[PDB]
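Next up: a single chain in structure tokens, the form deposited in one PDB entry.
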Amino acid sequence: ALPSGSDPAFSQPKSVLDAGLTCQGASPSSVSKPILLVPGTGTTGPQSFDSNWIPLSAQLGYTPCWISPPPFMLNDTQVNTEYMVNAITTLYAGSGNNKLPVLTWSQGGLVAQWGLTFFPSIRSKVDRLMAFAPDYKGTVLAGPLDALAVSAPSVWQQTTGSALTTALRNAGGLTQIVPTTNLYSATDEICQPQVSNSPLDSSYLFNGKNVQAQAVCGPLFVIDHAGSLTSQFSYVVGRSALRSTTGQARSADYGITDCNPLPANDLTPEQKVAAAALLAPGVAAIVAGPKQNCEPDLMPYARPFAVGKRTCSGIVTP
């Protein structure tokens, strides 16, 4: 079974977590049809989604809301998760105690599933999860942990073999917790392995709606890590997931004619340009950002699930 009982305490003050949450045109305590957007590594909320799911979710009738954990999602993924959990609590109450969808890119999906795994209170407040290129198993493209160059805290934790991904799995987090759709690509140049269309894939969750784009669009279809978020194909799948009565996208809602890898058709010209360039701010943030030679320690609520792994203060013990 999943962790149960009370939510772990936050390491950050509620006022600090509140400061990282924004909604377009409303206060979080009084917002109509919010959607919470959780960004990828090296970016803010606006940097991940200004060119795609902020205008697209508004056009679908949602008020776009987002978190921007500092610095640019490079800090401890466990802290980035505090921003999300607090945001869901606020937006749920602020919209009349109605569940809301969560839509994520890259690390953002790892953050969402970490939050659902270890903070039980939000399970009843997240209507559904729509994750684009989530790296629940991390990525093996960064190399093994013992050969990793100095890297940001969350980059360590997204490396396959990390204590964080170990703990997520052992606490039960590789199974969906709310109705979840995962859209990913075998041609992902950041997160691998993704080629099997099977539980080996880093984006796969048991009992979830697992959509490898090539399984629908064919082997020559090509979308990269950012294109998994921004493409017109991704929009049709995401639209299906957001509207489905089951909380998961449905194969009947999309098909081979939707297999367009370019930025979503409804985006403005300026937006399409920014969507193609989505990654560049992330790389600049990683050059200027924190770097260390070890993986951040697991917080107490997660430590018992990765006994034996090595973090900055040493080997995790029972």
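We call the rigid core the largest set of C-alpha positions that still match within 1.5 Å between the two forms. Positions refer to the first chain, counted from 1. First, how it differs from the form deposited in another entry.
- Just one residue from the list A215, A93, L145, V140 crosses the 2 Å line for C-alpha shift between these two forms on a rigid core fit, and it is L145.
Having seen the form deposited in one PDB entry, could you now give me the structure of the form deposited in another entry?
Nothing else is written out below except the one chain.
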């Protein structure tokens, strides 16, 4: 069974969580058909989505909303999740007490599933999850000890084997909690392993709609970590998932003819250029951000699920 009962307390003051939430042309507290966008590591909401799902979700009839947890999604993934939980509580009420879809890139999907696993109050407020290149198992390519003995807190947590990914898995988080679509690529240069088209893949959730692009488009089809978010193929799958009556993308809605790895057709020329350039801010932000030589401690609500792991303060104990 999943964690149940009360939501964990926020470590951040709520006013700080509110400051990280924005909607385009609307207040989060009075918004029609919001979609909550959760960005990837090293980026803000606008940096992740200005070139793709902010305009694309608008043209599908949603009000694009996003969180930008400081600094650039580099802090503790457990803190980034508080931004999302507060945003769901706010947007649910602000939209007339209606469930809303959540759309994510990279760590944003890990954040979404962490929130669903450990904050039971939001399960009934999230309609569906559309995750592009989510690293629910982390990645073996993270290299928190690569080129420098200190790395951002969330880089430690997204390393395969981390206490965080261990606790997510042991608490039941690798099975979908709301209707979920995961779109990912075997050629992802940031998140691996993704090659098996099976539960071994970091983006795979049991009972989710798990769409490895090469399983539809062929073994030699190439989209990278950013293209998993921005490509025309990704748009067709994401549009399917958002419109589906089941809450998940439908195999009937996309096919080999949608296997275009370039930025979504409906983007402006300036958006397509920006979409192709995606990753660079969120490679550089690392440089100027918080860095440490250990994985952040697990919050008490998650510690029983990673017994035997090791974090900054010592051995994980319940």
